[PDB]
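Shown below, as structure tokens, is a lone chain in the form deposited in one PDB entry; questions about how it binds or moves come after it.
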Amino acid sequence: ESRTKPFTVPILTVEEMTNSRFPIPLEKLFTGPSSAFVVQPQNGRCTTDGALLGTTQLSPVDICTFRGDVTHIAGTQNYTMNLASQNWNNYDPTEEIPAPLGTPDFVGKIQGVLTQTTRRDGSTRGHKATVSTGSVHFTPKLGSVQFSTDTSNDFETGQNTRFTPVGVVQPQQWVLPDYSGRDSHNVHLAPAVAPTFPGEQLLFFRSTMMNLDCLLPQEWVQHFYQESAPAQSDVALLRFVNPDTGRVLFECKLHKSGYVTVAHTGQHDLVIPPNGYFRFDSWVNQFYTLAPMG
């Protein structure tokens, strides 16, 4: 039989990791029922054996960013960005993805800094800007989005420009934007996720700014991809361990398609030790019942 790279997850604690849906630290773990909303984020999606899904890409600093060049909308402070690919090359809308990698995956107004990156002429050319992901002008899959800013002159036409997100005004974590605008349809989405094993609920990796919940920390996406360790079954059994005592706090299923479930009924904001981390223990069959959480 073939001997393949052993699967592992990072040894980073929750607070040492970052949300995969916005460039901010994770703050804590949360579990609760999810039958009343559709959980289909497009960022923070990756299989355990290293296949990226939806709009998921590797770099934490490219999460919810946009890149390209802008054209002034005459008589307004607003600008249309004509998107580039992720390396700054020609955007190619025929790729089978929902949108440019790193595109935001929730409806809301994201504020940030829009900056010209080349041939500044000695000017900073960075300005506060906002992009509304629910707006009719939000058409990243078509290759353009619209920003509101406080200038009408400062951005030179035909010069590379980048948006770095800073925060969200106020928004709907679970509602995907219309990547191609009104009366369109989203295409090539990573699938919705749900707990199908009775007594199980999804485990969310949660930050603030409202809650923002992801299915995998960004560092897990990066680790899974970099390692590309093959899966031995549909479910990897992880233990959350506290090295300060050496004891297991709880166990959970890391599903091969890239999400986590725990045995619990109801909302529970987990209380974890500062140094606790996840440890891969074994691959299990489809009949493994987890030890109860809390």
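Positions refer to the first chain, counted from 1. Here, rigid core means the biggest group of C-alpha atoms that superpose within 1.5 Å across both forms. What changes on going to the form deposited in another entry:
After superposition on the rigid core, the Cα of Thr124 moves by 2 Å or more between the two forms.
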Second form
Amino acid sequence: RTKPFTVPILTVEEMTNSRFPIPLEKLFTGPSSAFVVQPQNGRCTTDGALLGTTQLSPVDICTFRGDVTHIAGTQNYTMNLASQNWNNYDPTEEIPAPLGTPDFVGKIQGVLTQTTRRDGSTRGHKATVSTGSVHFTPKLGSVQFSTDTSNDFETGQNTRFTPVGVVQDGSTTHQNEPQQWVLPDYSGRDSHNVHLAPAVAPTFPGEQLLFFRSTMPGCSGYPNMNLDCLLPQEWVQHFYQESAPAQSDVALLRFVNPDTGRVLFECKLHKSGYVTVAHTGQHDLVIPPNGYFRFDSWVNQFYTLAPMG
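Provide the structure of the form deposited in another entry, given the form deposited in one PDB entry shown above.
Below you will find a single chain and nothing else.
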């Protein structure tokens, strides 16, 4: 027969958020018709086709590389993006934006570091990329950082953004940003995103998406730190390696507790890459820290999940 499908045998705490480089913490479900679940990172079919902007490196998510150019009389820099290899980025390539680009609207704070090539001297500065900005145009090849210096970065020098966490302005409404479910305009104002991974939704009565959730570090104020992915990064990696052909619509997984030996809940892993459970309402799953998912079988869409207690 065909190569058997599997998911990694890893606990939730053992795995990594696929939308920002931090560990998963906890599983969450809620209704999703009041927002658009259409993230671009962490997108992979069960048989291993990466969609959207999703790539394999769990550390390259939300990072940026290239050379900078100071913007006269401000503390801001434009970065001309390079690819991961440091090869020039191609804006004609059939993707929404550079792989790893952030897929939520918000202000990401991190550190911009630079090596001068002629002598190996080295600098680093606190820097913020605002993905909702008029100047956030990764698909065009340019992005802009606000920083705390006006003189120190040099032109024509390898520069890198390391993301750290998220920010919101305290004088406004608490948790008003980031908005994890609003994609940026990858090409700036008045232009359409292209080649997106499909939006997703539960398509069976009584079902909701299962999200794998982390808390982003916050750098200032009160910023909404929940960040939900559709697949752990290790799943993307796993599926990409294994490339097992989907035998039917849904892969039925059981979440098991090894201590009791008991099945805790069952979920559907849709072929095109997300998870749904049977439940109505918002719910932080309570799980044994060493519980894990295991694959049971390929079933039809119309298979009825036992309610998640």
